[PDB]
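Quick heads-up: it's one chain on its own, the form deposited in one PDB entry, in structure tokens.
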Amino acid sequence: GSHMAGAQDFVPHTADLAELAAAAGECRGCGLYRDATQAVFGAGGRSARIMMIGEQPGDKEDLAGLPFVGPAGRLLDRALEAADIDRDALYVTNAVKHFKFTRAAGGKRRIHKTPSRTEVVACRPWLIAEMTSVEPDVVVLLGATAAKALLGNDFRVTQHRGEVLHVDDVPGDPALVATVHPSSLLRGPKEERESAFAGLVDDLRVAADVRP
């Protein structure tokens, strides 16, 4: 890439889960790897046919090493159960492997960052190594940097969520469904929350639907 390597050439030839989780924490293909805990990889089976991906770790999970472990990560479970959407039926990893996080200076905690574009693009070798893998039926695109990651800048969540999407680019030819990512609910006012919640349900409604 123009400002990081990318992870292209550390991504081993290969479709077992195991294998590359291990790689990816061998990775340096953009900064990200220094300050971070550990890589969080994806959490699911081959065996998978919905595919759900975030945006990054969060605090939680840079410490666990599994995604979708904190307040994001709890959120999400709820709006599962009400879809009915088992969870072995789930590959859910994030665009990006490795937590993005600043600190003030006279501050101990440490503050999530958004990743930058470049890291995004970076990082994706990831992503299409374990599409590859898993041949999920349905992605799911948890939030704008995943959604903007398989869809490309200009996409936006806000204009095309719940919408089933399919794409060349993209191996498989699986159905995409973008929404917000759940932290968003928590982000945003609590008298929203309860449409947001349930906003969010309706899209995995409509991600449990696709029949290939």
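Numbering follows the first chain given and starts at 1. Take the two forms, find the largest set of C-alpha atoms that superpose within 1.5 Å, and that set is the rigid core. First, how it differs from the form deposited in another entry.
A movement of the C-alpha atom of residue 191 reaching 2 angstroms or beyond is seen between the two forms when the two forms are aligned on their rigid core.
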Second form
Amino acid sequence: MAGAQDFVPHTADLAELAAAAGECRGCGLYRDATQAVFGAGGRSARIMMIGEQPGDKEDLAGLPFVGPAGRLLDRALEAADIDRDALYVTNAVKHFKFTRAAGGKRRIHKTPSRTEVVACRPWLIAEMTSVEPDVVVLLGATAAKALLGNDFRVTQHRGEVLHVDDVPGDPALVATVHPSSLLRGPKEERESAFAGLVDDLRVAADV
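Pass me the form deposited in another entry as well; I've looked at the form deposited in one PDB entry already.
Keep in mind that what follows is only the chain, not its partners or any molecules around it.
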């Protein structure tokens, strides 16, 4: 598949890239979503962070990581002494994939297929080309697999500094737990997992 490639313009300007993502039809996810959600921040960023996809909040705000997972993430960044205004924050897939359940308090996100990730990956390539980050934080399974391969296991490479040639700039790559995984479950387990997120964020910051 060609995917998003036909829709990515020959430019490194983020505002231009964001606009053209708004017209992307490189998989079927544009149809039900409200709008594309491009990355936030600037091309001076040293650290890029990539999540899975916009959720419910993000689909309507037009910005990444503005819901509960994003508030958790801010708490982690803060403890790692990282200013979020200095990052470029984005997602592997740029349109919200979702459903609704009866009695639901919100739209429930559905995991992008590997095919959708590969379809949308040209946007990530363009973002990386535009920003030239020194390090990329891969937030959770989908984002990590997008760069590291569909077989990659986030849980097994926590806190490791990774590199593949496959990527623009040969930044270091640090794969970590998705902040939404820390929202729920037993208290000791959340707190432990949170401490590891802070650690992995510091690994990325010290590259």
